[PDB]
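One chain is shown next in C-alpha cells, namely the form deposited in one PDB entry.
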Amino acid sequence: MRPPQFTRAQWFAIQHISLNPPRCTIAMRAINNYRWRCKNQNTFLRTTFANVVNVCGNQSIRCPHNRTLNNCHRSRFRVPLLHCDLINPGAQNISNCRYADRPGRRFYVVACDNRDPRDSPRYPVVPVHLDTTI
C-alpha cells in the first residue's frame, strides 16, 4: 500500500531512484515505516528522475509481468543498480530490519502514466512502477 500523501510518481522516486544511496539498512527505514512487515527486496536505480522520464517517451511495449498493459518502456542502456536484500525474514520486528547491499548492472523496464495533478506540470508523463530489470 502506497501512503496516500504521495503520488505514484513520488513514491516511485522514493523507492527506486538514488544516484548515491547510503547503506541499504539506512535507506530502507523510510520505506518500511509505512509497511506492516519489512520489504523483502528493493532495487535502487543509480540515475536521475529526469533520465527515467526520457525512457518513458520511447517505444512502448507490453509489460513483462503483466502483458495486458501496453504502457512499459525499456532503457536503451544498462544502468548501475543497488539491490537491497532482507536478512531477517519474518524474524526480527519491522523496527529492526537489516539488509545486505548488492551491486548490479542492467537494463530496466518501467511503466509510465499521465501525471497526477499534484505532480510537477513540467513532466506530462511520469514513471509509476518498476516492472523488472534484465
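Residue numbers count along the first chain shown, from 1. Throughout, rigid core stands for the largest set of C-alpha atoms superposing within 1.5 Å between the two forms. What changes on going to the form deposited in another entry:
- Once the two forms are fitted on their rigid core, between the two forms the CA displacement reaches 2 Å or more only for 92 among 92, 60, 48, 54.
- After superposing the rigid core, the C-alpha of residue 37 moves by 2 Å or more between the two forms.
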The other form holds:
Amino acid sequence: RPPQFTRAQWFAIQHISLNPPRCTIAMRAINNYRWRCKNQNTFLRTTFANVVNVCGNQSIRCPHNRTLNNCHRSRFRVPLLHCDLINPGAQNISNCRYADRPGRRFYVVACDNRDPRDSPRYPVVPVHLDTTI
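Given the form deposited in one PDB entry, state the structure of the form deposited in another entry.
Next comes a single chain, given without company.
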C-alpha cells in the first residue's frame, strides 16, 4: 500500500464509492498512487461507517485467507461495481483499461484495531476486502 495511508484509508480509497463512474475512469483515482495498474478491484456502493458496522458482525473465517478468522460478512447484498483490467501487459498507469461488471452481492471484510493515524472515531476498521458472495 502507499505508506501515506493506513490500511483503512487505503481500503476506503479502493473499495468505497457510492456512485463510481465507468471502471476505466474510477480506477485512475486508485492507480494514480501506484506504479502499475491494479488487476482487479471491487467498489462497494456504501459508506465507510456502514462497513465499520459490519466489522461488528460475528467473526468468521476469511474465504480467501483460510488461516484468518477476523472476517465479517454483510447481512444484506449491496450494490457494487467490479472492474477487471483488460490489458494486464500495461507497463505504467497512463493507459490502464477496465471492463465493468455491476452486481449486488454480500461482502466479506477483514477488520482489525485501527492505526494511530486513523480517526479515533472508529477503534476497529476494515483493512481488507476479502471476497464478495
